[PDB]
Each structure stands twice: as C-alpha cells, then as structure tokens.
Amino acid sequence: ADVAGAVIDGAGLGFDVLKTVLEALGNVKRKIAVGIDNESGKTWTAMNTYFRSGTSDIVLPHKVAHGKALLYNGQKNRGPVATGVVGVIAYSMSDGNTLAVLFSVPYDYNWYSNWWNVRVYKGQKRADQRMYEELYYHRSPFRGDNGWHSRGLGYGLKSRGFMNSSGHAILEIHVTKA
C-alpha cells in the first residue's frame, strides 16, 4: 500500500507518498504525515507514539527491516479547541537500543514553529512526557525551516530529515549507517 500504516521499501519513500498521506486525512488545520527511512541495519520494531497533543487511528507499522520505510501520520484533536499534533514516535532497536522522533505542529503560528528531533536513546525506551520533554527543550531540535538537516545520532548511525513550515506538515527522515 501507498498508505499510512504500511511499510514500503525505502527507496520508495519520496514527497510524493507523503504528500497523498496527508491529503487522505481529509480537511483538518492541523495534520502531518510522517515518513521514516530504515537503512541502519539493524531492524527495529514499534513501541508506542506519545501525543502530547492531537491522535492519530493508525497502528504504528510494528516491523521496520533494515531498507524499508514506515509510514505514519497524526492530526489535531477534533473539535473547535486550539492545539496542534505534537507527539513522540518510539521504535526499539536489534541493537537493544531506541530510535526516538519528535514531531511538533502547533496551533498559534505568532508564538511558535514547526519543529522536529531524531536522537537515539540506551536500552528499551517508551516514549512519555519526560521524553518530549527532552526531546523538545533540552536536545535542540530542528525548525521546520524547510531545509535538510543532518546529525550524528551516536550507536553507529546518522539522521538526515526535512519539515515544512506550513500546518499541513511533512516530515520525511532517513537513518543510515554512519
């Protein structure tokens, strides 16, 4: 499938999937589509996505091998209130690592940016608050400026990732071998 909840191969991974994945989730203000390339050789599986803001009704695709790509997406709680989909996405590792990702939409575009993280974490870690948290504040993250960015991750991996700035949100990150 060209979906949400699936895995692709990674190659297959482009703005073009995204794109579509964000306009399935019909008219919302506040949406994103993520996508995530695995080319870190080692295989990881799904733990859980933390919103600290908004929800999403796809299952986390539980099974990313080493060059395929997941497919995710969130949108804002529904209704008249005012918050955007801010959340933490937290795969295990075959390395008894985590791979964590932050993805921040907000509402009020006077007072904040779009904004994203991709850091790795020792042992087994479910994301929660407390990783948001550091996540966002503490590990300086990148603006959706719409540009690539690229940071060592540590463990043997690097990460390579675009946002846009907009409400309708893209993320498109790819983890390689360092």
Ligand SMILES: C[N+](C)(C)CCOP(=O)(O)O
Given for the second form:
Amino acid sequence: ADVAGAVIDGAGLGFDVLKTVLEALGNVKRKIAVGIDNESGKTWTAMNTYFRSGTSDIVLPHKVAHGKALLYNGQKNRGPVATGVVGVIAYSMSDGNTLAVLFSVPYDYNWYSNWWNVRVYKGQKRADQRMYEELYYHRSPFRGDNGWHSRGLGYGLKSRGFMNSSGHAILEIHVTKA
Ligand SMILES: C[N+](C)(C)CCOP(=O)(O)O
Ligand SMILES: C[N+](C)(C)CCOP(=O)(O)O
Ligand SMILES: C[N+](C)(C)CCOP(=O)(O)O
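Now the other one: the form deposited with this ligand bound, given that the block above is the form solved without this ligand.
Let's see the whole complex now, leading with the same chain.
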C-alpha cells in the first residue's frame, strides 16, 4: 500500500489510502494521516513542519509536481503526556510564495476540537509558532467536522479539504487552480 512519505498520483488520494496510512501508525492515542493533492499547475518544494505538539518519523516529501499528492503523518509525543498532534506544514511554490497547512488534533476533546486550515503566504516563510497562532486563532480555520470545506486562496488557487472529528485523524486537501 502507499505509505506516508511517498508522492503518489494525485488522482489516487482519498480516504482509503489515508485510512491505511493512519492504521499503519498502530496503537497511539492521537495521530494523523495527511494527504495534499497538488493540482496547482506548479511544483511544490517542502520546507518544514512546525510541530506545536507531537512528532513525525517521516521525511516531509521533498518535491511534489503538479498532478501528484503527498502522503504524510504525525503522532503524539511518546508516553502518557496529554498532548496531541498539532502543527503547520509549509511548502515553497515556484512563484516564490508559501503554501501553509494547519492541523490540530488535540489531546483533550473536553476542551478542544480538531481544526485545520490552508493559506498562501507571500514570500518564503518557514512554518513556526507565529504562523500556527495566525492559522489557528485568526484566519478562520475549519473544524474537523467530518465534512468538506472549500475556500479560494488568492494567487490563482483554491482549496477543498476534509478532516474527521476524532483523535485518529485524517486530513485530505486538494489545491486546484481557480
Ligand atoms: C489545544 N491547542 C491546539 C490550542 C494547544 C495544543 O493541544 P495539545 O497538543 O496540548 O492537545
Ligand atoms: C487549561 N487546560 C488546558 C488545563 C484546560 C482547558 O482550558 P481552555 O484553554 O479550554 O480555557
Ligand atoms: C480554533 N478556534 C480558535 C478558531 C476556535 C476555538 O477552538 P478550540 O481551541 O476551542 O478547539
């Protein structure tokens, strides 16, 4: 089966492949499978993931051509620590701007919920705490509510994505030319 870390045909991205990626992480309380389909017309080059909470043992897929999707994952920090998997993925686009994707899969659903977001930043900006705070608090993230959400991104692009509500999370995003 396709694995986290791979770049696949973007038409092959879907819940089945992400479920498999999520299952392959085994028995961990909070974990996420992330798939982002690049149909933007331009190549993305990975910069970094800012992990606010949690970690990954997967290399952030380096080059993602138009027509390809990346597969990735993250998991809570090891041991009983009551924290989840929360972070921002940042890819450079060939126009000199940055594609940023927020994911948040909190430890405690009594206080918090799943959220995600997608935004293009002007210039080359590495993912960091400031970007996490902007995307989570101020830039209208979407709830992981087991439903799809669309939004135009500017820069000739639009996004359509889905995230479920539970702590074994899947996040599937398609970035297409608007
Ligand atoms: C809930 N949060 C997203 C604001 C902070 C991080 O959550 P957690 O990793 O402590 O659960
Ligand atoms: C602060 N806390 C993480 C122990 C519980 C949640 O409080 P709040 O951040 O929902 O106000
Ligand atoms: C994410 N948010 C800051 C826009 C809404 C509040 O969500 P949460 O932190 O209470 O789960």
